[PDB]
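Engineer: One-letter residues, chain by chain:
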Amino acid sequence: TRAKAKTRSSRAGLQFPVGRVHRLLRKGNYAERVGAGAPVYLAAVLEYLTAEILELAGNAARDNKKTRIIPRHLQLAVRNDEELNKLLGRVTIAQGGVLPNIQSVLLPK
Amino acid sequence: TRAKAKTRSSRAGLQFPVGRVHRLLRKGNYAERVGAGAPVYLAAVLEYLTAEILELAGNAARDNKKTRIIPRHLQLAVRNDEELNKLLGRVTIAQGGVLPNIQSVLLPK
Amino acid sequence: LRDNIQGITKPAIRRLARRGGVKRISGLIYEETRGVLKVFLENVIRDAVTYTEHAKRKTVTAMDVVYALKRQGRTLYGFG
Amino acid sequence: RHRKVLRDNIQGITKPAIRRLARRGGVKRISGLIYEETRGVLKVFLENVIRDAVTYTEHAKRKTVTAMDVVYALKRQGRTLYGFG
Amino acid sequence: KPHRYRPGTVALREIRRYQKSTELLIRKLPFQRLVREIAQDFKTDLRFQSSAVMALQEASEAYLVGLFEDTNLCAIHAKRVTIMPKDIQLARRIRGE
Amino acid sequence: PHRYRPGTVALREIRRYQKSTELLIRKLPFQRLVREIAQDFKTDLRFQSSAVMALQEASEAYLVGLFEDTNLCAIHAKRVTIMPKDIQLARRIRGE
Amino acid sequence: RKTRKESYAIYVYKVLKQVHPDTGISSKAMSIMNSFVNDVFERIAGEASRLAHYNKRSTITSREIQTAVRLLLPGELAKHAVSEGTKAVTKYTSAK
Amino acid sequence: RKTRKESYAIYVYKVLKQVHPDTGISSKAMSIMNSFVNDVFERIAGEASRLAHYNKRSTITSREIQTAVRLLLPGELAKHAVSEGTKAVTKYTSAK
Amino acid sequence: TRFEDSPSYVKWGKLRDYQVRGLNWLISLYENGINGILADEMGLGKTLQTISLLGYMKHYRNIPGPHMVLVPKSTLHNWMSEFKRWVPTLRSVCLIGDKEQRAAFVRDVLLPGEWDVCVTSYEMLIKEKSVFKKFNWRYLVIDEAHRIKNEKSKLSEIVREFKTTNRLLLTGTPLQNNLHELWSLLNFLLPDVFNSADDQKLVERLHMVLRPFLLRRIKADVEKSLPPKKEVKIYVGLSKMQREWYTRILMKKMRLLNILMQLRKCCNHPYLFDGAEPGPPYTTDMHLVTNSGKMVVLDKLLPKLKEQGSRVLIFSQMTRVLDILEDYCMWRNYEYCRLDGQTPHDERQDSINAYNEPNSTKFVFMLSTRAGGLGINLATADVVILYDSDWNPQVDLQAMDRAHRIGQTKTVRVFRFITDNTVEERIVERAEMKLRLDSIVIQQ
DNA sequence: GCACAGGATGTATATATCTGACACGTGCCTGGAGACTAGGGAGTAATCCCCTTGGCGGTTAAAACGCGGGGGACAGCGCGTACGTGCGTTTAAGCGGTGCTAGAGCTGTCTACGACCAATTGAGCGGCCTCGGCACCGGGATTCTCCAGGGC
DNA sequence: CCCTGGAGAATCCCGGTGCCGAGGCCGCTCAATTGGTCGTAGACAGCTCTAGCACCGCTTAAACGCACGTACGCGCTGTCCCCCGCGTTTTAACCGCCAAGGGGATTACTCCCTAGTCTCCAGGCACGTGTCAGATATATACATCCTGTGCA
Ligand SMILES: Nc1ncnc2c1ncn2[C@@H]1O[C@H](COP(=O)(O)OP(=O)(O)O)[C@@H](O)[C@H]1O
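Quick mapping for you: the protein sequence lines, in order, are chains G, C, F, B, A, E, H, D and W. Throughout, the authors' numbering is defined as the position within the first sequence, counted from one, plus 9. Throughout, the authors' numbering is defined as the position within the second sequence, counted from one, plus 9. Throughout, the authors' numbering is defined as the position within the third sequence, counted from one, plus 21. Throughout, the authors' numbering is defined as the position within the fourth sequence, counted from one, plus 16. Throughout, the authors' numbering is defined as the position within the fifth sequence, counted from one, plus 36. Throughout, the authors' numbering is defined as the position within the sixth sequence, counted from one, plus 37. Throughout, the authors' numbering is defined as the position within the seventh sequence, counted from one, plus 26. Throughout, the authors' numbering is defined as the position within the eighth sequence, counted from one, plus 26. Residues 166 to 363, 377 to 430, 443 to 634 in the authors' numbering are what the ninth sequence spells out, letter by letter.
One or more hints might be untrue.
Far from chain F by the CB rule (all over 12 Å, computed), these chain H residues [unchecked claim]:
1. 31
2. 33
3. 49
4. 53
5. 54
6. 60
7. 104
8. 109
9. 117
Now the stretches of chain C that chain D is said to cover, found in silico as 3 or more residues with beta-carbon under 8 Å [unchecked claim]:
10. 21-27
11. 51-58
12. 108-115
Rather than coming from a laboratory, the hints here were simulated on the basis of the structure. Backbone N, C-alpha and C fix where the C-beta goes; we use that ideal spot for every residue, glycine too.
Using the sequences provided together with the hints, build the complete structure.
Structural biologist: The structure is reproduced here in structure tokens:
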């Protein structure tokens, strides 16, 4: 009598692969031993960050009047947000572009 | 019976501890295995860099008519060499001072 | 306590500027420099206190300061 | 017995192209000496990146430069690139 | 007599256009030739995946765009509207290159 | 009586402080500032003397480098005096 | 048949469908999300490894992960993510 | 007695006496050199570890160390370090 | 019991008998409901046969529906002229021009749809695929069917993406490399049976499977002219510098990526490399000849040819080899002409016309092998020199019969220069294998 | 010298076709979950002692403040130059093809040589204690600079 | 309008002090030696797709060269004001000393948590496949820019 194989993601209520994270931590040569709760914590953090970025990108997609997210929308979301701009300060998003920004002196008058 | 112990540093004709380097590589969680030649190569590289910097610092110390190397001498040697300034570009030396350099527009005319 | 930011006096800022290599200094430089010092120190001390709290200690060590500086990309040789 | 060179490769980075890059940067007026300087800057940047990439490729015991090698080179330089792997 | 825009409106329109789009602003074949020419010195008999050159072009364009932004800031600091090699050199010197 | 032109004493001080190698801020005021800043993250924090010394060293190095960049920007603006706008431009180009 | 590559694409799609139901995502955006998740994982794991080495331990724990999160993430993100991770660890321990 | 501490001080002193026979060193300079050696070792070892991970190999070897040296040190220093390390490895292989 | 005479609807003379038999073959091919290949090669023109098929459809059947002919831009105007001259009843419309002309043409003729036959080119088809796809097509004709020999190509996909009830392929050389391109052609002709890509077990089955949807004649029914060709392969040894570079490259600053391609021109001339040239003065005197065996043999052959019938043609597959030969010819006081890829249409045609004059002082004509427009009436020449051979024996044969045009009435002789114990020998062996496959599959 | 009309231009907005990627379904296989055992890492308590903090008094350098003046910042003006704008022309990019061959990735095997683990052990290295040479502090004599006033 | 001539700052040669680096000892723990094993990587072989080199063809968008006018960068000038150099008074840093105790560092003990193994099974991935989101094109509709003209 073997109990139903229930996954640790569902145990923790997450949507990210706790088992894969645990395997990656073990194979990644960070320390010789890994705790049980560490992969759960890390998957939760990754899920929160992904959710934040995706929410902002979906708002940008609604601003551009489209139903798909593209790297342009991702760049628009990553900029305009102070926290994510600090986190990804030195990251280049391929075919992402730049924010519209014209210096005040250059404007006609 | 066993022959008299011969240090691997003496076998390679070095002066930095190859055995200590091998132990540090094994304890550092860099990889699962460490080859025989890696400690020797790394010890030789460390010795070469130390010799270079100490030679420049000693020349600078003799220029100031001293016999002791001090952080000022080390900073002079590091900043007055392009390769070492590139290697140690983002490093701060305690009590090293700065290089004397005045922009020529500020000089009296 | 409070009113300790003003302990960074104008003469000390002028000495730092002279070591930097400047000759004439505007009068409003001092408040700006105090703000810059405040933000830099706040960041570094925040990281150092985080390291100390993980170590479960009440005392901040030069090791903690060095680790904070290294993770901020401002390595410091001369303390360990 | 017939030879005829065309142009420098670095002249392929044309004046209108540099103007378009400056427009994206947000520049209005451009001096005529900007183009030589920009070509030199691009040359230096590419030389550093390609040196790192070819070092990775030679370590891997190969003769083909890969997008992963380029990404690792940029990550060493401190210019992390997303979307290529 | 023919209609002509003043010196600077077309520049602003182009600024808006290229700050809105996302494509690449360098010719692919010239960029590939330049990359091959540079790599030839480091090593001979080299082959490039098409993705490698594309990533190189992306990174190069991003670097140049950021440099031009900082150069424009320096030029505006100098109370000017034109960018100059001195502004580019100052930006690189401040950034540490 | 004897008096110096406005700028020779400054150059002499520049040479003196570019030749010296010690610290330039007062230790007790810097220590009190560090404790005040650390007040916001924890209570009853204790410090080593080495920690305060290292913080002072890093702060002075950062400020000196900032002033060098500021002087470069001011000279670029065809000025000899440095200004808050110069400091802000240096910080902006650095990425802060 | 081609080999197997591991990607976070399925879970990114799940999070997207949870937070924005009637929305899609392109292949390039998914690749960027994959790279972003890999980079964040790498940074947090390396920070935790260095923390374990500094404190002379051989075990990566949720405490180490929390400290690495507070060291890397800037402020409000740090506290929100720390709350989320505490909730997840509580759910994992309490019932399972 | 308290816990012993490990440092490269003895070997730094040996190399100093080798290169400049009539020159000494101060404690602060020795601490700076010790930190420098630890930092360079950390950089080379980390880069070699990343190389091994990238190439799906489980061991750090002379090839990894050499490639890390060529990646990290600039130009002429890299050439000299490569030659010196290869000389040392050849002598160790020949003498063992 | 079929269309045995020249049609009443065809003008400007009567169709010849060997053409009208092909015409009745095409007519019966439609009633039999199969689509086949007309491979009669250069007879009097497959254009007239195709136009006769379309005219027969439109007149005798009540199907003037949309028809399309895909021809190269070089033959578009000739096809329009043939439509106007021979069978003027059909109202052919030509679509060629820039974007404004394309849009004007579609909105003013194509959308009104008064036309019956639309003659277009490959590029125009690729550009106007979207608006060509709407129309239902009753007859799709692809002249020079060897263009779509390869599957998974843009034209091959697009052309079958249409809605066509009949298909027809014109090609004089259906087989060029192997049977996979033939299978591609047959799959286009009728995908329902040739779905799979895969002398008693073979040969006979191939012949009797290809007969139902293929036909080919030989340009010998009438003859009375066009003397045959003499093929001589001259084996020439490598020179000293050629040998040294050959060994150097074989055992290997210079970039040498594609080894076969680098060995080839090296068998031709070391001056195509860098550093093999003499001093910076670049004196062009006896350096070109001595360092290449083919150059020595050519310098021996040309004076004999000019003391004889003369009017020699040279074919080479490298424009830099063309440059070297041009420099040698201008140094040796021989007046020459050059046809090359970069030569624009006007200069192409003018040089051809000048050389074709019966009383011409120009002696050497140099052409790149594939750079022809598949026309080029160089019938005034006598000697064909093949400096290097292509992997395609049919490309070689087309360059060879470029001098075998109907205007030629004198025997023509072909010289192939081969370097013994090189990769040229492998090229020749591969070409011979491909040529024997061609002969055994088609001619026999 | 200022404020409005209009004309040309560019840019946004609405809608119709069409296509190429995305979202979903399917089969299967490989990595994850359930159960168990073994061992050493880490939590817990107790101790020591060292390093931190608090406080006090006396010196003296450094900071704060005020004054008087000259040099630098800044606004203004004028000009001769260099760059933006539009136009006709040339060129090379872009796309679609040929023909071959090596390089690289993946899969699937094999084998041997190098790296890990264990016990033993003596030599190396770290801590400790002491003493002389180097660095420093203090002082006097001398050079070099900078600024003011005038006859060069 | 450069040439003396003084003040003031810095530099150089001497002499007394102290304290810290270099040297010499003691004990310990960690690296070197020897023995055994395994499992990883080097080597090989078969397949499948990408890239390089020499060409050809066509299309057309983009670069190029040019001429002209107009903002603009740059130099020169005047004004003032504010920063600097210097002297006086005040304030607290600093140095030394002392006292008290919190807490960092260490040791012993025991548990409980994680590594490792085996087995089973279902989630994740490659592969097909259809349909709709968006790109494109066209055709109005409006927002902007510039210039002329009319007027106070
Ligand atoms: N009036 C004519 N009617 C039919 N055939 C002709 C006529 N005049 C010449 N020819 C033949 O046509 C041939 C040239 O046409 P060809 O190149 O075969 O046309 P296509 O290019 O359509 O195949 C010549 O060999 C010649 O014998």
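Engineer: Hint by hint, note whether the structure agrees.
Structural biologist: Status of the hints after comparison with the structure:
1. Taking the minimum C-beta to C-beta distance to chain F, about 32 Å, the non-interface status of residue 31 of chain H holds against the 12 Å cut.
2. Against chain F, the non-interface label of residue 33 of chain H holds: every CB pair exceeds 12 Å, the least being about 29 Å.
3. Separation of residue 49 of chain H from chain F is adequate, the least Cβ-Cβ distance of about 36 Å exceeding the 12 Å criterion.
4. Distance to chain F confirms residue 53 of chain H as a non-interface residue, since its nearest Cβ pair spans about 34 Å, more than 12 Å.
5. Annotated as non-interface, residue 54 of chain H keeps its C-beta farther than 12 Å from every C-beta of chain F; the closest such distance is 30 Å.
6. A cut-off of 12 Å between C-beta atoms confirms that residue 60 of chain H is not in contact with chain F; the least separation is 26 Å.
7. The Cβ of residue 104 of chain H does not lie farther than 12 Å from every Cβ of chain F; its closest approach is about 10 Å, which violates its non-interface assignment.
8. Every beta carbon of chain F lies more than 12 Å from that of residue 109 of chain H, the smallest distance being close to 17 Å; the non-interface claim holds.
9. Every CB of chain F is more than 12 Å from the CB of residue 117 of chain H (nearest about 24 Å), matching its label as outside the interface.
10. Here's how the stretch 21-27 of chain C fares: 6 of its residues keep a CB closer than 8 Å to some CB of chain D, so the rule of at least three is met and the hint holds.
11. Restraint check on the stretch 51-58 of chain C versus chain D: 8 residues with Cβ-Cβ distances below 8 Å, three needed, restraint holds.
12. Restraint check on the stretch 108-115 of chain C versus chain D: 0 residues with Cβ-Cβ distances below 8 Å, three needed, restraint violated.
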